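Left out: one protein chain. Kept in place: all the others.
Order of writing sets the labels: A and B. Residues in every chain begin at 1.
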Amino acid sequence: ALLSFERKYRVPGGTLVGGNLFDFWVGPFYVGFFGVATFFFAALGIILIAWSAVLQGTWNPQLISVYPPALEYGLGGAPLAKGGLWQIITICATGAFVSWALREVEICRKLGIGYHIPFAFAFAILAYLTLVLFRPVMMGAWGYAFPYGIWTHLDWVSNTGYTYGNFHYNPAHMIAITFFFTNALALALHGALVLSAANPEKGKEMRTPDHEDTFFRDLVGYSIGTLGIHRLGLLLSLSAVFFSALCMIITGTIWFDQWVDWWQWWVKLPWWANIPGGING
Amino acid sequence: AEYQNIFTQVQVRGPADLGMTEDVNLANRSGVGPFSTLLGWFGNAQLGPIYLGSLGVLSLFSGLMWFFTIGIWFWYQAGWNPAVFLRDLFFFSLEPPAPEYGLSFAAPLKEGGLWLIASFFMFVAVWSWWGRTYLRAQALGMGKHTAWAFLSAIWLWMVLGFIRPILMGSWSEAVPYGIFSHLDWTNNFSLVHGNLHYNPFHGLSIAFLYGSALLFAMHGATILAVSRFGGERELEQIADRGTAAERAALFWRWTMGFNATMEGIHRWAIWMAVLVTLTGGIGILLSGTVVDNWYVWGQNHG
Partner (left out) sequence: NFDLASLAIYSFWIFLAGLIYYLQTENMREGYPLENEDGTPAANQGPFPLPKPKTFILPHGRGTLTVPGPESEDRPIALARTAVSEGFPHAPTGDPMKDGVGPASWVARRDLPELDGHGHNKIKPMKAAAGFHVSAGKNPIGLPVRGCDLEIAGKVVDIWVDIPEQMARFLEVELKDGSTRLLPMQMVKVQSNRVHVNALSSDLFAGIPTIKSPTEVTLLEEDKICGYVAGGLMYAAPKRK
């Protein structure tokens, strides 16, 4: 079944691999070579998680946890029950995620649109790879990666953070958080603004984009404009994820101490470190 | 390299846009400001005009008084030494009254009284700004979505500084005014309440915060991807669906099996973001009033 306007877009072409061999849809879903690849990677990964659950002895999705190898395995392979399943599942996840991005690219090409969406998605993939690949490799062990379980991966976040004291003091983490908060602020404002113009007050014609500009100028003295706000949402969200990756790739690789110490610099500058009074005196 | 419409290639400039009048009291609207070529590489170059008005002036005044009450406290914590002031700027903290003072307003000025005074000014500044977000929409005949979404943020701030301290019986429970101190407050809060990772409203709040970055990356990239068909002119695309809106929908229908409309994606957007602080405020309000230890509570409820 199709949307009423969809048939005219369902033309052959745009594939990157395989010609017309996979150039078709299953219901709404486009397939393509990378749809087949996604299916293979995801199905195998899910099968292996099921295997791990069987080994673990539970069907409870709140208890299933696939752990990486013990640190002592370093960067080597580990037996299936002792981290090897985690290793193969991580390969399948990476393959599924990259195949998803390349399937989006084929979809972009069939539709004649820009490639911004799979490019943006690649930032999420890179943040994932920072935590399961780049950082564990630099640190010398797969066992520094997070486990695949609904609650155990949160415990990994907590244990990793508190290895460095209050992780709030990581300055790249601070920047990342500021982008996440600002992004959610901008998303709320953007959604509200468009809706407040399309759904004006009762008894009123639909507003125009000039009303949106005027509203934001009246309110704060500046309107970034309709093109600008979509650029800005993309920038804020991607920057949040970039600084997330940054704040972890440096932790345990070039920073080993309590993150609060990083700030001890500005305090202990020689021309004011010894001045009595204040907090640090 | 194919052009990507992240930065403008050719800026153009014309007469300042004075805006819509509708029912705006033009007596309270400033003149136009200068144009910024720097800003024009990424968005609009025009600065101003801005609306003043009684609520805005009240909000600005109370907001500066809040900022200055903290600032004078910092100058006193620094012994009025400008170098100690810059050095420890992030370490100073205007703290609420100690627990012995309860909800009393008789805490000495240096032992919590100044915190109450600052909070009074902050309370007046935020709520008059809220009235401003409502009245600026009303004066232009627009819906009230911005005011309603802002109330969600206000809700978390009210819970943290006002509602939860009252229910817990002391101002000592509130957040201090300092850069590092309010981070320490946040870490301590989770430790005291048995790990906020196990507060299901905190887990929801994170899902919506991550989901807000997910959705704005999706939506911002989608609109840029269809800006070659005029896609960012969303209101006229709602009024009169064009190939931009059709291609944007079909990208997502072909990718994940369902899709939005030009109007409806902004309902997804506003709810994704608003739910961050709606769930977050519920989760904080329950902490210590109802649930002392989220991890233990969670073990007995699942």
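Everything below uses one rule, namely that a contact is a pair of C-beta atoms (placed from the backbone, for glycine too) under 8 Å apart; a residue touches a chain by one contact, two chains touch by 3 or more.
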| item | value |
| --- | --- |
| Contact with the hidden chain (one of A:95, A:112 or A:171) | A:112 |
| Residue among B:30, B:37, B:54 or B:104 touching the omitted chain | B:37 |
| Which residue of B:135, B:249 or B:273 touches the chain not shown here | B:249 |
| Hidden partner interface residues of subunit B, rising order | 1-3, 5, 8-15, 17, 20, 35, 37, 40-41, 44-46, 200-201, 204, 227-230, 233, 236, 238-247, 249, 258-265, 267-268, 271, 279, 282, 286, 290-291, 297, 300-301 |
| In subunit A, positions touching the absent partner | 1-14, 20, 23-27, 109-113, 198, 204-211, 213-214, 225-227 |
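Operating definition for what follows: only the chains that are shown with their structure count from here on.
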| item | value |
| --- | --- |
| Whole-Å gap separating subunit A and subunit B, where each centre is the average of the chain's CA atoms | 22 |
| Touching residues on subunit B, where the partner in the complex is subunit A | 4-6, 17, 19-20, 22, 24, 29-30, 33, 42-44, 46-51, 77-79, 81, 83-88, 90-92, 132-133, 136-146, 148-150, 152-153, 180, 183-184, 186-187, 195, 197, 208-209, 212-228, 232-236, 238-239, 241, 246-251, 253-259, 263, 266-274, 276, 302 |
| Complex interface listing, subunit A residues touching subunit B | 3, 5-6, 9, 25, 27-30, 62, 103-104, 107-108, 110-117, 119-121, 123-124, 154-155, 157-158, 166, 168-169, 180-181, 183-201, 204, 206-215, 217-238, 240-241, 263, 266-267, 269, 271-273, 275-281 |
